[PDB]
Structure formats: C-alpha cells, structure tokens
Amino acid sequence: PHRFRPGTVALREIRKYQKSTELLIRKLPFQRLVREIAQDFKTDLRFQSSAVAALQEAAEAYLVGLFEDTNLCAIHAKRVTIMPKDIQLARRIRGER
Amino acid sequence: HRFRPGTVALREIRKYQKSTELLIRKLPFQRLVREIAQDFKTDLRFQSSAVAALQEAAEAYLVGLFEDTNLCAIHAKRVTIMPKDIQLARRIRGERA
Amino acid sequence: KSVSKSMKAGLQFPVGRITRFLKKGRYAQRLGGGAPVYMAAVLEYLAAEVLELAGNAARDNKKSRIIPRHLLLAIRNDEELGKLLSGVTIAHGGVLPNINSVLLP
Amino acid sequence: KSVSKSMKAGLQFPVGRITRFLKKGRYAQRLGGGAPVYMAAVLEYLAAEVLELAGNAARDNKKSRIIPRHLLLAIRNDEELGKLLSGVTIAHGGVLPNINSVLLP
Amino acid sequence: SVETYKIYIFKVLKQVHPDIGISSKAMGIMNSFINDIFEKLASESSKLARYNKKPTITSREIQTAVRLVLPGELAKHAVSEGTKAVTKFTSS
Amino acid sequence: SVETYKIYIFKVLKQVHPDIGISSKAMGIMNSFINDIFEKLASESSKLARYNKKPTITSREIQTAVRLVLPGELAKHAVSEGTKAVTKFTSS
Amino acid sequence: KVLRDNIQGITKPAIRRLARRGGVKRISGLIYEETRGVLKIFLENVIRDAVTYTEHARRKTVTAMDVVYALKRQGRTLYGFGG
Amino acid sequence: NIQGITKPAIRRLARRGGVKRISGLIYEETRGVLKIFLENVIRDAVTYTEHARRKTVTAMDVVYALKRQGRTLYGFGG
DNA sequence: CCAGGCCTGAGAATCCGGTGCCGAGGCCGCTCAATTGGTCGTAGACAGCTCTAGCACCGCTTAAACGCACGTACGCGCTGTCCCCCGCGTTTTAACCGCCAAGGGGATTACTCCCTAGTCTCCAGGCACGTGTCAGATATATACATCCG
DNA sequence: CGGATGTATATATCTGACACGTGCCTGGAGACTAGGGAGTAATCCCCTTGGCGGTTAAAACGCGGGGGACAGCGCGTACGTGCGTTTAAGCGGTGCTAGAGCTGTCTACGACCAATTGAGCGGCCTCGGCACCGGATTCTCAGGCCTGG
Numbered sequence: 001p002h003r004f005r006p007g008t009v010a011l012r013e014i015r016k017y018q019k020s021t022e023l024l025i026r027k028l029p030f031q032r033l034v035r036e037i038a039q040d041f042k043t044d045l046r047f048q049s050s051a052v053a054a055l056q057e058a059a060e061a062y063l064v065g066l067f068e069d070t071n072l073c074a075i076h077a078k079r080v081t082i083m084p085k086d087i088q089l090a091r092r093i094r095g096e097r
Numbered sequence: 001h002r003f004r005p006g007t008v009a010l011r012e013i014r015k016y017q018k019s020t021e022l023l024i025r026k027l028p029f030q031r032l033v034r035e036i037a038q039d040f041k042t043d044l045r046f047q048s049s050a051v052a053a054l055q056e057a058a059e060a061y062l063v064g065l066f067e068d069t070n071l072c073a074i075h076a077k078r079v080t081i082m083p084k085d086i087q088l089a090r091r092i093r094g095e096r097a
Numbered sequence: 001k002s003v004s005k006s007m008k009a010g011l012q013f014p015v016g017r018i019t020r021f022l023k024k025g026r027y028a029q030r031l032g033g034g035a036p037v038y039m040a041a042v043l044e045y046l047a048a049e050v051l052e053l054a055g056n057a058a059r060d061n062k063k064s065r066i067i068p069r070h071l072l073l074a075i076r077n078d079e080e081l082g083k084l085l086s087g088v089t090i091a092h093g094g095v096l097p098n099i100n101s102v103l104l105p
Numbered sequence: 001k002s003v004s005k006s007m008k009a010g011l012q013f014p015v016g017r018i019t020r021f022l023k024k025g026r027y028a029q030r031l032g033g034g035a036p037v038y039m040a041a042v043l044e045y046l047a048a049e050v051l052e053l054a055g056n057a058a059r060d061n062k063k064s065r066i067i068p069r070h071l072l073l074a075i076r077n078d079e080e081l082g083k084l085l086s087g088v089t090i091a092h093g094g095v096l097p098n099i100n101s102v103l104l105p
Numbered sequence: 001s002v003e004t005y006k007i008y009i010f011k012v013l014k015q016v017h018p019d020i021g022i023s024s025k026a027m028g029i030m031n032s033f034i035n036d037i038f039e040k041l042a043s044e045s046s047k048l049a050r051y052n053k054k055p056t057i058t059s060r061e062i063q064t065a066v067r068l069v070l071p072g073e074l075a076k077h078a079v080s081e082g083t084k085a086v087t088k089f090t091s092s
Numbered sequence: 001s002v003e004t005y006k007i008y009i010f011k012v013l014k015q016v017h018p019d020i021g022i023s024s025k026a027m028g029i030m031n032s033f034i035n036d037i038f039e040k041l042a043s044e045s046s047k048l049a050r051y052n053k054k055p056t057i058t059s060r061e062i063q064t065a066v067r068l069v070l071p072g073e074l075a076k077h078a079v080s081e082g083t084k085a086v087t088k089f090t091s092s
Numbered sequence: 001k002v003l004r005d006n007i008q009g010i011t012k013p014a015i016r017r018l019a020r021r022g023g024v025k026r027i028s029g030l031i032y033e034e035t036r037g038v039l040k041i042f043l044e045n046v047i048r049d050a051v052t053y054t055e056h057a058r059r060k061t062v063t064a065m066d067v068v069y070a071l072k073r074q075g076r077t078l079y080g081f082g083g
Numbered sequence: 001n002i003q004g005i006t007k008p009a010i011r012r013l014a015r016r017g018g019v020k021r022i023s024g025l026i027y028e029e030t031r032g033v034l035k036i037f038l039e040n041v042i043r044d045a046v047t048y049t050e051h052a053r054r055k056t057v058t059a060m061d062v063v064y065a066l067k068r069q070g071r072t073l074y075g076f077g078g
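Protein sequence lines correspond, in order, to chains B, Y, E, A, L, D, S and X.
Under the working numbering, think of the first position of the first sequence as 1, with each following residue one higher.
Under the working numbering, think of the first position of the second sequence as 1, with each following residue one higher.
Under the working numbering, think of the first position of the third sequence as 1, with each following residue one higher.
Under the working numbering, think of the first position of the fourth sequence as 1, with each following residue one higher.
Under the working numbering, think of the first position of the fifth sequence as 1, with each following residue one higher.
Under the working numbering, think of the first position of the sixth sequence as 1, with each following residue one higher.
Under the working numbering, think of the first position of the seventh sequence as 1, with each following residue one higher.
Under the working numbering, think of the first position of the eighth sequence as 1, with each following residue one higher.
It cannot be assumed that every hint is accurate.
Simulated crosslink set (PhoX-like; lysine-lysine; CA at most 25 Å straight-line) [as the list claims (entries may be wrong)]:
no., chain 1, residue 1, chain 2, residue 2
1, S, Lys60, D, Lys76
2, D, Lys76, D, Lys88
3, D, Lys6, A, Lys8
4, E, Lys8, L, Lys88
5, X, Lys55, L, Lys76
6, X, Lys67, S, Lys72
7, B, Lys27, S, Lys72
8, D, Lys47, D, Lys76
9, L, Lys40, A, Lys24
10, L, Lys25, E, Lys62
11, L, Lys76, X, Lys35
12, A, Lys5, D, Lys76
These aren't lab readings, by the way, just hints derived from the structure by calculation.
Using the sequences provided together with the hints, build the complete structure.
Pasting the structure below:
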C-alpha cells in the first residue's frame, strides 16, 4: 500500500506545528504535575486557571527554545537525530544546572 | 630533543590556569580601546583604572568563550577548536542572532 | 480653558498618567517637567513602530485584525525589535517558521 | 548608656549605617525597625561563610593571608556560592584548573 | 477599575493603519509591552540619578536612559521624537 | 572620606580564622560583594513592597527577599540568622 | 488527595510535538526522560518563586501575577497575562 | 590597532580556557568577537560619561556598563 | 544488465463560496483624576579657582613576537554494518465538555493601638595619617617526576 | 629506562605591604511627640475544588524496514615545536596643560494644596470579520514500464 518515505511526515509536522499557535501539552496532566510540584513546597495550595495557563505557556516556550538549541548542537555534531548529550551541552552553555 | 605535540600545550594550560596575571599587552589594549572610543565621542581621555577594568572584563569574557568553544569542539569529536565552534557557542549564549 | 499636556506636546499618550506613574513609583525625590513628555513620546513611538509592523503582517496574512501571531511575527522579523525583546514570550504567538537547510531534502 | 544597635543584636556589621543606607536609597516610604538588623545579620553571615571558605583555601595553599585567588577558588568550589556568583568575575582571580579526560593523554 | 493603555494604542493604530483593527489578546500584549518599557526606562533613570547624586529626573536623564536601553536606530528615532515633543511643550 | 566595610569584615575574619590575614585587594572585593548583595536584597524588597501596596519594608520583606535571592541552604541559614538577630534585638 | 507520578502526563507525543515546533526532524528514544527532568527542574524553580510571592502576600492561592513575577525573576518575561 | 591582540596572546587566553589545539582562523574570529564586546561596553561607558558632563571615562562607568551586560566586576568599586 | 525518464495515480495543501456566531468597536452615564492659578523653598546653572593626573615625548633594555623549517597527529572523507526510530493500523483510556453543588478564602470595611518619621542634643566610633616589622616574592641551587629518544 | 625541562622545595634577604597607635569630627544613639499604617474581627459572594458519564480524540502497542549513527581505516595537510632575528613593550624621568573637583550666588523650577471639570472606564448591544466545512483545483511524492545506454 501507500507509504511515505521517512522524513516527509516529520517535515510536514514541523511546518504544521510552526504554523499553529496552540498549546501542545494536555491541560489536565500539566495541571496535575504543577499541583504535585506545588504541594512539594506548601500544602493545601489553590491555583488560578490563568496561573496554570501562564505556567503552561512558559514551559512550552522554554522547551521549544531548548529544542532549537539542541537541534543546533546535533547539526554541529554532523547528526540529524537529537540525543540527550545535545540537551546537556545546550544547558551547560546557557548556564543552567 | 623535541617534545611531542601536546605536552607543551598541557604544561602551558597548567601554567596559565595556576596564574592570575593579564595575558594581553597593556599598551596595545589601550590603543585598541581608544580607537574604538574614537567612533563614539572625539577627544576622550581615559583613566588607568578604566583601562584595567576593560582589560579584566575582556580577558574574563574571552576565557569563558574559549571554555564554551572547547566544549563544542569535544562535542563534535574534535580536539581542535574552530570558528564554527565559537559561532555555535555565541548563538546558544545569545550574542549572535 | 483646560488644555491637556498631551496636546501641548502634540502627543497621544497620557502625559498626566505617566507623570502620576513616575511619582507613585518613587523613582526620584523630584520629577522634572519634561520627563513625562519625553517618556510619553518614546512610548508612543515604540507603540507606533510595533503596531505598524504588526499591521503589515496582518495585511500580508489577508486579515484585518492584529493578533498575537502577527505581533510575534513583527517582533521576530524586525532586527532591533527582536534585540529589544529577545527574552520575551508572546502568548498565543507560536514560533517564527524556520527549518534548517540540512534537514531539507 | 549609649548601647549600639549592633551590640543589642550581637552583630558586627553596622546596623545604624545599614539603616542610613536603606533610608537614603528611598527603597520604601517607611523602614521597619527589624529590617536593618535582619539585613546586617544576613550580610554578616554571607561574609563569614565566604571568609571561612577563603581561609580554608589559603591554608590549603600554605599561606596566612587571603588573596583574590583564594576568594575565587572558594566561590567556584562552593556550589551555592557559585550559583549566587555566576556572572561575576573577580579581579586577579584566574580560573579553576580543569583539563578534561579527552584532552588528557 | 483597572487602568490600561487600550484607548491610546487604538488611537496610534488608527493613525498608522486606518483600516486595521486589534483583538483583546493583542491589546493585552501591547499594554504589557508598554508597561515593561516604562519600568525599564524609569528604573534606569532612577539609578542614573543615584549614580550622579542628583535628586531629580529630567529629560536629559530619560534621554540617556533611552540611549542605554534601546538599540541604535530605535534610540536615534526615540531621542529625536522626545526632543521634538519637549521643544513643542516648552514653546506651547 | 569613602565609607567601607573594612573594619567589620576584618572583625568577622578574626572571629572565624584568627591566624589568617587579609589583603587590600581582597578587602576591596569583599566590600564590593557586600555592597552588591545589599542592593540586590534592598531592590527586591522594594519591588515586593510595591506589588502589595505596602509603604513599609520590614523583617518579613527582608526575609522573603533573602528567600528569593539566595540559593536553598544559604537562604535557610540566613533566615535562621536574621530571625535570631531580630529576636535578640526585641528582647534587648 | 496526594499526587504521585504525574510527570508521565507529559506523554511522548507531547514532547515530540514540542520538538517539531522547535524544528527537530529526528528524536532519539532517550530524549523523553531528559526532557521530563528538565521540565521538572524549570517548573520547580518557577513554582518555588511563585509560592514565595504567594506566601508573602498572605494568600493560599497562586496567581498569574505571581507566575509572571517569578518568570521575570528567571528573566523569562511573559506578555499577555498582566503586568 | 586590532592587530595588537597578537596570536600568542589569544593562544594564552585559550590555554587559560583549556584549549589543547587551535585552528588558524580562531585569531580573526576572536578579534571580531572582542571588538563587538568592547564596542558594547565602551558605548555604555561613554554614555555614562556624557551624562556625567565629563570627558574622562572612569572605572565606575566601566563597572556600571559591565553590570548592565550582566557581567559584574569586583575590585574597582562596587 | 542499469538507469532514467515521463506517467500517473494519489493523497495533501490550497481556493472558494456559504453560513453563523460572538467579540470588536461605538455610544452613554458617571466619577475621579488631571488641570490651573498661586505661593514658597532650594537644586542647579553658571562662573572661578586650583592642582591631580592624563597625555606626549624621549631613551635604554630586553623580553616577547615574527618568520621559517620540519614533522606527525588529527580532521575528514569513505565504507560497511546493525539497529532503532518512523510511519501506519488497531485497541484502550482518560482528556474534555457540560452541569451542578459546596464552601472557603479574597476582597472590603471599621476600629484601635503602637511603630516609626521628625527634630534636637550629646559624644565616641571610624577614618585619615604616620610608622614599625614580618610574610612573602625573588635570586639561586637542588632533589624529584616525567615523557620522548 | 636516561636527560632536560619543568614544578616544587630549603633557605637567605630584603622589602614593601599589612597591622597598629593617635587625633578629630561626623554620624549614630537617646528622648519625646503625633499621626497614620498594620493587625484584627465580620461579612459577602465568587471562584475554585470535586463527582459523573459519553463520545471520542489522542495515547499506547505492535511491527516491517530503511535510513542513519557509529566504528574502522587511510591520506594529506595544517598546526605544534624549536631557533635566530627583529620589533616594540615596559620603565622611568621630564614637562605641560586640559579638565576633574569643589565653592558661591541667585534664580528659575518644582513641590503642594484647593476647586473644577472633562476624559476615561464600566456596561450594553448590534453586526461583520473570521472560524469551520465540503466540493474542486492544483501541488508535491513515490513506485513503475518501456526504452536509451
């Protein structure tokens, strides 16, 4: 049957998700994770929907920027595939611990 | 006799990491600073403390940049550092757009 | 008999409100008369530049309202604006379309 | 009868001088009575920590006088101090010795 | 009530592009941008007044704060606009 | 007559390591470090009293400024030291 | 109710989509654990600052203003939620 | 005057940075990067001096500019 | 025996006209913040004076830099392999929407008490200056490690 | 495993930087007032948390496989290393003067308070720009057949 050669769907997904402006993380799982991290600090914390939306936007933007840097490192290493060492190098150069 | 390539480099690395002395000639750095400042305001006088501060800042910045460049070179499976490594380091840090 | 300070400076942004904000922010013990006018002029200039590029993006995308996507496209397409707002995230803006050349066939 | 604020709090840093600095910086309209004491306590603790690490480095170098090299070694070897002081460069301090295994023979 | 720059941004937008509107989210982003630039300028003016031991903030302080906070071309046009506005205010 | 922290830093050094001295450059560095931490804490206290409509800066403001500025264990120990100092001041 | 092991809610397709938005063409199978750890660290930092602001405000609810202030603390200014 | 930053000086800076082997074009790249850095810092320092109604650039102005770039300097007055 | 076409099926992206919906943009009422005219106090613009230090210059010394030769370690291109993401189909599951209910805390008001700014008055801690002296940098000789021949 | 190049070391030295004594003046401390801001107690009601089910879109699982990472190997050259020569940095002794730094005046600029009024904010309502969608049209994508090589 019909079969896209690998890479074509990846490029199309890149184009689609760079054209779109919608949040790529599921809201309920993100909210649950945020509340877990919060109760790790102060018990019985309420949240606002705007606060959770702000956290989700910040997290998505941070991850996309980190993935751009990781892609740059992978291309530098003469690779198409991104690997955890690329993320580690990017974070080390940026100055994150 | 002749030392093999690398031994003198390592001894120089240890020597210049154990020291705390400026590696750039003071008068050439002063002339470079004055030349650069000539493009902002004519007839500027300087202070020796000001030129010393600029020299310290420039040396620290270049040392950090070369550390990041070495990281990139090792990532690319190399011992040699190259201009592409400096460009990648600056791109991740944010100086280069 | 009452002429607003914006009209005297030939500006749109509120000189009086900027004055009140500066005085309430406790930035200095005393505030000059031309400081609010200057700051209003700078702010309106910046807003006009951003809005002009955003409207250009909206017109290019065959629309008639400026949206966060248009604002982000303007910011990331103007070199000086992106330099000013390098570490700023625009909500509901996405990313500037960019695919590295090596990844393309 | 003139008991110093520093003696009243068991501190070395100048509570009165810190009060004057806070009030002349116009950080707020009013300054609480415990704010200068708290600031002096925190500053004295930080100075004591840095000086203790620097003196340890000086002893490890077989010297009886702290130098900027000792200060920088202490700051770069303490994790939290390095996190606090990361974009800060120290005059006449150099760098930590670090040659990676790839470079080493 | 909450105070924003919606009216003023709408006036500027109708000056530059008479036939283009704007959404609520875009207005929110623009209001945040204006507030951010206002803080980034006022804090710098305050710190320069502290550095020079000067109790007052003046058009000169804001001019040098603008030169410090904006890139080249933006600073040039902003200084021109501010000088023009201050000259007009003094004349009138 | 420039005001510095030389005497107090010397006293702290003699209280910690009595057999180790200090150089002029090292004292300059320590003075700069103390000043920088002071402005960081004070500025984050002002930008924290401003966001709660509070005209005053108190021990609570300084404590939360310390928590925001310093890393974890360092802020914990600093908070303990400040609480002890304020308690002694109130008792005396 | 105590919450446990919620980091798996950031599924493999979500990480893949974020990478695709970032321009990534091929993703290794070990990227997801590292990405989950990095996201956890970032969220811990931002939430710690947000809870510090909330606790200073004598409040039991976190606000978008608190999150925005935390993101300025990290130098990650966010437009569109106030400020 | 940029040529005053000689190849041996850049090699010494690299050694303090931990570089075991250097390529040819690294020197030109380093000169360009140093020129950009100095242009930024000197621009801010000259702005401070002009606001001070002075003609001499002071170490305090240089330190304040460096603090603006997020890279503070301890030892010259802070 | 290999390729290199056009072919040509074939899904995907684009265009287009229809319809519907809810948010942008204008109008109205009100209220509260900006404007104005006046007075009082001091911050700064301006002009002088002085003397620190910044600049220009010269000459001597020698230490770092330049140029060139030689060699070998490494960057890079190529090739083979094996494996591990990718694309696609099928099954599962819990995100999501809608609706409702409970209650808890954020916002607001009111009252009271005490904490701090302000002003004056006294006097000792802190800073600049002078001077003694010892930890360390330096010259020089030496035992010790080590990497290349 | 030798040797020369380096680091480190033991000891003299000599030294200039660090530590201590002393005088003075400026900023810190104490006392009293008064006034506004912080803490506390009530109350409202709005937003946040929590339970359900249903349809369903997205996640999870499995599998063939093909494209890419990764290791190995050989070639050429570019960089490291060493030595002779040259260039100018560094020191330091002199001279000059532009300009930092502070002082005095006096004046214009800004703070401050009361009354007024117009601009901007909340609320409301209608309509058209935009999200969605199914038929048509074109645009890249991928395997294939007979002929050119």
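Going through the hints against the structure:
1. Between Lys60(S) and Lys76(D) the alpha-carbon distance is near 22 Å, which keeps this suggested pair within the 25 Å criterion.
2. This hinted pair checks out: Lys76(D) and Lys88(D) have alpha carbons roughly 18 Å apart, not beyond 25 Å.
3. Between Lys6(D) and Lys8(A) the alpha-carbon distance is near 21 Å, which keeps this suggested pair within the 25 Å criterion.
4. Restraint check for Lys8(E) and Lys88(L): the C-alpha separation of about 7 Å stays at or below 25 Å, so the hint holds.
5. Distance check on the hinted pair: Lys55(X) and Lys76(L) sit about 22 Å apart at the alpha-carbon level, within 25 Å; holds.
6. Only pairs whose Cα atoms come within 25 Å are accepted, and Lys67(X) paired with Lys72(S) is accepted, the gap being roughly 18 Å.
7. Simply put, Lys27(B) and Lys72(S) have alpha-carbon atoms about 23 Å apart, close enough for the 25 Å limit, and the pair holds.
8. Distance hint between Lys47(D) and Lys76(D) is fulfilled; the C-alpha atoms sit about 22 Å from each other, no more than 25 Å.
9. Between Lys40(L) and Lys24(A) the alpha-carbon distance is near 22 Å, which keeps this suggested pair within the 25 Å criterion.
10. A threshold of 25 Å between alpha carbons decides the hint, and for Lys25(L) with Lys62(E) the separation of about 19 Å falls inside it, so the pair holds.
11. For the proposed pair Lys76(L) and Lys35(X), the alpha carbon gap of about 22 Å is at most 25 Å, so the pair holds.
12. With a C-alpha separation of about 24 Å, the suggested pair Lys5(A) and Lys76(D) falls inside the 25 Å cut-off, and the hint holds.
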